[PDB]
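**Q** In case you want the letters, here they are:
2 protein chains.
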Amino acid sequence: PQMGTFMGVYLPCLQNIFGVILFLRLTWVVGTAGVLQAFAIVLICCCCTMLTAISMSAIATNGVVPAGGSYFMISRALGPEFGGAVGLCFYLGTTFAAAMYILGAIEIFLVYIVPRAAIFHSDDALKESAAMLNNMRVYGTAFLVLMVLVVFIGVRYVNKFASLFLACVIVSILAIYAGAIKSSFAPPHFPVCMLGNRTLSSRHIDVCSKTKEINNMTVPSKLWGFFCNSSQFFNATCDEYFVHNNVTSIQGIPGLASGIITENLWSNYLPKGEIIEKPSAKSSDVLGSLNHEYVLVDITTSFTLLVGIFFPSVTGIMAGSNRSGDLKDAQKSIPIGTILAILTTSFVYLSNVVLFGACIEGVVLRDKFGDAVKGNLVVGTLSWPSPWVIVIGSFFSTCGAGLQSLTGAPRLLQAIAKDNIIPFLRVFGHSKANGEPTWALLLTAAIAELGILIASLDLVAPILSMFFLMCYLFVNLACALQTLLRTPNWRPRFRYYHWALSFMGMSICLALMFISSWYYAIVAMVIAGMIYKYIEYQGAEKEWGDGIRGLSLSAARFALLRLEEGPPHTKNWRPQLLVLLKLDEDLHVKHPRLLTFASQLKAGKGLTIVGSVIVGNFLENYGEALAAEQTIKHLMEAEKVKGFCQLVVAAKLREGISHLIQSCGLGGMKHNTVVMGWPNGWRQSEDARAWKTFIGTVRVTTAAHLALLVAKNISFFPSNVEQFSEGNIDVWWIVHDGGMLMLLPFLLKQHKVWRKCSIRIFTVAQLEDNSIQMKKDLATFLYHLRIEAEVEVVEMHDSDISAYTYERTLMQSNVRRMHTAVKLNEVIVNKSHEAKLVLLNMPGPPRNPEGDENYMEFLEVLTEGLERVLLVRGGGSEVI
Amino acid sequence: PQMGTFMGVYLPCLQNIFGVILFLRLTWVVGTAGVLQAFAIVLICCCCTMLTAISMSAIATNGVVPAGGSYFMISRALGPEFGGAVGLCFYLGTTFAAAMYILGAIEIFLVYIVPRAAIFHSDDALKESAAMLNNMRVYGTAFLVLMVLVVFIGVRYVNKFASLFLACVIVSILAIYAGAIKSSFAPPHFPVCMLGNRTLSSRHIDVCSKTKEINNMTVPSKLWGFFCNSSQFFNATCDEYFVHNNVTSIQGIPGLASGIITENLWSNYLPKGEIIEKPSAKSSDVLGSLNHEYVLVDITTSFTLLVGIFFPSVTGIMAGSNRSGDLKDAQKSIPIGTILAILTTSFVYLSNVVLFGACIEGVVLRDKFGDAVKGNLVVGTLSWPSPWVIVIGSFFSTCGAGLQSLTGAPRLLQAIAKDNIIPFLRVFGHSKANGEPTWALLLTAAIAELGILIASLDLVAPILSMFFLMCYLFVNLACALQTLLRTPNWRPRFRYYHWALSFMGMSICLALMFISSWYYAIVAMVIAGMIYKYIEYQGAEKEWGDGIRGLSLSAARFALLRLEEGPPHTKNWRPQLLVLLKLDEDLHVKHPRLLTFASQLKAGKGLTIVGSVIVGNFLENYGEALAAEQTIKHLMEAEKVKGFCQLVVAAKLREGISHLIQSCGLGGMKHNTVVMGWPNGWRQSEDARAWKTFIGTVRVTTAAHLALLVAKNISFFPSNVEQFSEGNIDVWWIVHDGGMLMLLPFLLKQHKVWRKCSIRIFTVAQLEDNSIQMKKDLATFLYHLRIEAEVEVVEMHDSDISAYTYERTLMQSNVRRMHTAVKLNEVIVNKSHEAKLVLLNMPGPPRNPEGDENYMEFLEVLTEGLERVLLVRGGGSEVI
Ligand SMILES: *[C@@H]1O[C@H](CO)[C@@H](O)[C@H](O)[C@H]1NC(C)=O
Ligand SMILES: *[C@@H]1O[C@H](CO)[C@@H](O)[C@H](O)[C@H]1NC(C)=O
Ligand SMILES: *[C@@H]1O[C@H](CO)[C@@H](O)[C@H](O)[C@H]1NC(C)=O
Ligand SMILES: *[C@@H]1O[C@H](CO)[C@@H](O)[C@H](O)[C@H]1NC(C)=O
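Taken in sequence, the protein lines are chains A and B.
PDB author numbering puts the first sequence at residues 183 to 993, 1078 to 1146.
PDB author numbering puts the second sequence at residues 183 to 993, 1078 to 1146.
One thing to keep in mind: the hints can contain errors.
[Stated by the list, open to error] Residues from chain A that face chain B, not an exhaustive set, calculated with beta carbons under 8 angstroms: (1) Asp728; (2) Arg739; (3) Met851.
[Claimed, not checked] Each computed DMTMM-like pair below joins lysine to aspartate or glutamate, with the alpha-carbon atoms no more than 20 angstroms apart: (4) B:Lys815 to A:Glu747; (5) A:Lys852 to B:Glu725; (6) B:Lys938 to A:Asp601; (7) A:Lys787 to B:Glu746; (8) B:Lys724 to A:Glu970; (9) B:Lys894 to B:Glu1130; (10) B:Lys392 to B:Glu422; (11) B:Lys852 to B:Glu1144; (12) A:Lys874 to B:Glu802; (13) A:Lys852 to B:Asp728; (14) B:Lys822 to A:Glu746; (15) A:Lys724 to B:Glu970; (16) B:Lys787 to B:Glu821.
Please keep in mind that the hints were generated in silico from the structure rather than gathered at the bench.
Just so you know, even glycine gets a beta-carbon here, dropped at the ideal spot from N, CA and C.
With these hints in hand, go ahead and build the complete structure from the sequences.
**A** The following block contains the structure:
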């Protein structure tokens, strides 16, 4: 239950990074690329996996850190959509890792431990490619089944013997560094033999000279047998290169004392079949083609090739947090414990590339399989007790790392199958009584089987470096997006984190990807995308019922929850129309001209809600309401309205109209303003209370602080077919109106019906001077990008607007308003009679209930027979 | 006003496809790639631009076809977001097209018309690269300014002389095909001179022989001067290749009579500097390095290179619909008129590649600049009247095509600047009184300037083929997506259209892209994406006010409008919770345990609405309602509810509860079911009407056909902290219940509080036998993937459920129900006393108003002291 950072998340991490590649291909990377370009591989590979440990640390700090495995930390903190992608690529990469580790174990056993037994002997000098490949196919499968049966049965022992496998590593890594300081001031004896700039394989021949001093008869040596025709007299019919050159035996370990970095420095990339030349020896250019017993370039090499080969040496960081459920401070361990394991595995890798180039001669650094040093490991030469310490040691370490890599594949595939997120793999979840599978173990054995039929570590490693790069990409991608877009419930409370650092790791992992193999690279990213979306589809067929419509519902809810963070009043104002249509008996809209006019503002634009009310007794007329809404649905689509319908069968009219103002639009998507018709047959029989319901709407919108745009003379409104040409539009400004009265004429002219019309700004002045006040307007037109308007000032008497300045200070006398209604309308018609639309301000209604006539006869004079006029007013807005 | 298909959309299309490439590089494509691989370029280029004409035809048929230019057809029918991308790439490609056409005009004038005048003479034998390049920089700019001033001033003439430019084409294309049939049975005289497999430039030398028969003294010829040391005696110190070989003069036009396709067939790709060898001649391998007067490979060639060079020969299909506003049947023209122009331009291109290989010798087909045929155009040899007909003709045609290509760039950039969609380029919109710019013409002159500083047709053409491929990609991409995703207002009423055909064109245009130049390819697609999104951002800062929040609002509305197409009842059922909380004075929630329980079903899941009502007089207590909703907001987030709030200050309680059931959730996002508390202190003082408001909710949900889940004993509900372990959960089945009663226990166990609990299915049987009825259940558990439940049947008497079968047939006696309430509850407690939750069915309420007690004392007995029980009922659902 109680673990620590050291033995909890550091040692299982450091177990799963040091492995075969430090022993089996590292010096070959050192010798081929030189010091400098092999120095360039490791820093582009270590910093590829440092940045992922940072992005995983932000997953570590943020969240709850669920107990058990790293995958649940990856799944719960990024949504299950990425857990399908990152959880699956790390599966496939781990299955090859068990195959690559077991392939390295056969390679060292068949070369170094037992070179003698080989079931597929080379039948000729060039069968060595096929003979070695056909070894690795028929051998590792014989040891693959052994591995699977002991992870199926002896799973108790392998949990116990994990300390020895790390112990096999730790004694094997020191012995390099111990024997390294020994060769300084005391190099051991490992002679190599040379002939010309090229050299020769020293396997069978013991002593190298052109002759052989036998006690009384100096014979030509075995080299004469391996270069001339036969083993015979010292005579002709020999080579042209062996004759004109001489046999040289030099030291392959010149120690740290020599200057080697300055000479063994440059790139040595060669095509396949090239004989391993030394850059400093004497040679006679006689050009023999004599390839019997030599040393060659085994496969063709390049710089981009060695990156895809070296890269599985650094992998295994997701195994650093496999024991999260046993920790005590997991939000503090997983950043600290893992990155410090990265810093100690980069320190080893950068050291030995220097330490190999400064102590071992570069010609045997190109030598694969230790062929010039008589089947000794090139690392093992630098081992102070014995090479057998490393050879038996590095055999066990890649054995146990393969023993480790089978536990995870079987375990992980249950965790996705128990997650039930893909129904294709529901069958894999059937575990035993103790958490071991029989189907995931069948899948892991079958996928790792294909790597043995590849039968070469230098072709498995580029494929294996692909899948781990697919995970390390989508870890950095998902950490960057949720930090940039601010996906809800994502708070990375980590010190050393920034969003662009995962973005920089997102680019490098993509740069590593195409450079390896491009037609593998595209098919990797495309098969990743369609499995990603197939998660997102099957979220809908579980949660929102079924179908493809739920994905739009899910994306709707995922958007609507986002606006609940901030305030809706941050910067700007736009009208979002709630219109409401009165319905008589045999229910039809009383005035569709609003629904024309509403679309004559926000055509193909924002939130539009149509309002509607039916009176009395919801309990039976519901099917009528199902029928009445369809009338509007085929009426909104007729007049190009892309909006939403709301129909309520309330009891009383005053109740429904109050409700739809305060209860339309869920959540952050709210309507912003109300557009309403007019009680037209006003001074009539019974509708005086219905007139007061029109008054009752006004005091609602003041209390709800929502703008109101009520139309007058509604039948005389232009349809959506006809157009207008050359009619003026007037606003009538008061300083408390706001930028609606500026913005609303601008929104009108964008529609084609109100296109060819002129704008006459007829402002009402209450102050004295106009020139600064007209400058105040012309400043706004330079600000509001709508300088097409033309201004004109009027002012008569500030007592004639005592109906308005009484409200402005609040920002008989009611009879004193009614004389001033007539006097102001005389001004309006005399400058704007033939107006195709008028914009008038709607004043503040009285707080008194018997200010009903005191407000409305004042307004019916204020509509002194005008053609088209909107009475507007709004509250608390900003237009920038 | 009235145009036709022929002279309207066909001839302006056919004008803008035939151009320079048929005359200046086509034969060089024929000679280099052979017949077969040059045959492969044209079919991957013609079918690249056929499929775009189909996808443009679906834009042509669907929609209104606005008058004026192709861009408005592209913009209005795909949203303005793609019109930023497709409208801009077609601008940049057109600017280079004016530069590439004018560069070809200088090339033919400086080689073929006037070879004599050249301001930058070659100072040595290898200055020919730099001298020719420095010609094209200093010449075309002198003719660039001439082109700009006449499109600025003489724009009236160039509208008139467009018929002559097509007339320059049509007489020039026939003269190939006229002179082609002439060389069959009557080839003209165009001799070529050969020496070995290689050959020589025939510019200066007239007659070729190793000597020169002067009337009485046969001198060694000029070739002796161009191969040996000097012009001297017939002696030594000569070449080793000219001496051992001989001068051969053969025919370069062997006509259609010879078998040439069978011999001139294979690929002739050579590196730069290679001497043009004939594959069939006699040669002496003496290896001179004598490169004075020869013929060479001018630039290095490859198959992927010639595709990016040939491709601007097929471009110009967006100019096929530039005159849409003058048509009469534009929805029928633009499919028919354009594709038939594609069929007649593919017919020419495929013919001449055959006709060149079957009539002209392949060695002069590799010959650029007509150097072996004494500065004659290789096409012009096949011209029956004169080569000067083609040479003057193809000069004028690429002149007028360059004269055309300046009108569009200036015109198009206004149309985007008048669209105001990018504020960075608002300044470009300032036209003159007649639609000509001064800033777009400044931008078009400056962008085309850079191509002249490239000064080579074979480097401009790969860059020019990039931008036109960027448009032809995003045309096919946008046509495929809106057809697959079904974006609203997208109905392609075209015959010969399918969605995958634009998808196949989407792949090929992307295949053409990376193969040209990959590091140009990525930077093209990335600078396309961020300009695309920058349109989508600035839609929000104009429409939804401002900010980045409007993009989520816009994506919300774009999703909510989509569900208005189909029915919500297509396949499946899921609960979408509307919960409602009663609020007393000093307003707090009476029972938060619902809000625990609601999240104990849909945790991190779908639509959740909380319901709430305040009584009386909205006109002043609005700030309280602003305060009361914040109580719930910090209460829903406390109990892990990601849902939405609705608060109404209504008058009476019955009015508000009826309203929020029928008016919550805008549009397609509707709540599906109601969860409600219980009138707990039931038989008490005043709340009998408040009890009937609880009854009043029941008859609402029947009429609205929405499911109801009312909880009993609400204080005895487990919180979200505690857990449960080993308690049974019972449902109680009636055949008219529905799969809710099956699905609801399954939804409970997924939460961790209801995790470790058992499921006992206690069904109520009304029939006789149970074995088939239990088989009917076990069939459902095999169907519903939830076989963890365990069943048990009861049946006593069907008269004891006369309270239910009276309702089932509808799918004293009220007192006769009340005796049967006691008898059924005896069954419930005797098998399910220690139940941590009970699921009971809620029966149908009476239609009579005085069935108030007749329904509820029957139910209060039905909750005979049980711990936790939900009374559920729902109507008209499907669970699959
Ligand atoms: C090769 O080595 C021999 C020593 O046996 C020496 O005599 C001879 O000069 C050498 N040849 C060279 C250095 O070319
Ligand atoms: C060895 O010598 C040959 C000629 O003797 C030379 O051309 C070759 O480059 C040399 N090899 C090296 C320097 O690796
Ligand atoms: C080259 O041509 C001459 C004709 O002047 C002929 O005599 C000679 O044999 C030819 N050489 C060949 C075909 O190798
Ligand atoms: C011409 O002849 C040389 C040798 O005489 C030959 O190697 C070369 O391939 C020939 N050129 C061709 C066939 O194009």
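**Q** Now tell me, hint by hint, if it's right for this structure.
**A** Each hint, compared with the structure:
1. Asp728: Since the shortest Cβ distance to chain B is 4 angstroms, the answer is holds.
2. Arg739: holds, 7 angstroms
3. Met851: This interface hint holds because 6 angstroms falls under the 8 angstroms limit.
4. B:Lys815 to A:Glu747: holds, 11 angstroms
5. A:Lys852 to B:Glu725: holds, 15 angstroms
6. B:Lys938 to A:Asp601: holds, 18 angstroms
7. A:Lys787 to B:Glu746: holds, 16 angstroms
8. B:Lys724 to A:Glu970: Satisfied, since the Cα-Cα distance of roughly 19 angstroms is no more than 20 angstroms.
9. B:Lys894 to B:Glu1130: Within the cut-off at roughly 11 angstroms; holds.
10. B:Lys392 to B:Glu422: holds, 14 angstroms
11. B:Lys852 to B:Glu1144: Status holds; Cα separation ~17 angstroms.
12. A:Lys874 to B:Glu802: Roughly 18 angstroms between the alpha carbons, so the hint for A:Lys874 and B:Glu802 holds.
13. A:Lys852 to B:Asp728: Satisfied, since the Cα-Cα distance of roughly 15 angstroms is no more than 20 angstroms.
14. B:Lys822 to A:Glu746: holds, 15 angstroms
15. A:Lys724 to B:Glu970: At roughly 19 angstroms apart (the allowed maximum being 20 angstroms), B:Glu970 and A:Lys724 satisfy the hint.
16. B:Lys787 to B:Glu821: holds, 14 angstroms
When the structure is compared with the earlier hints, no violation turns up for any of them.
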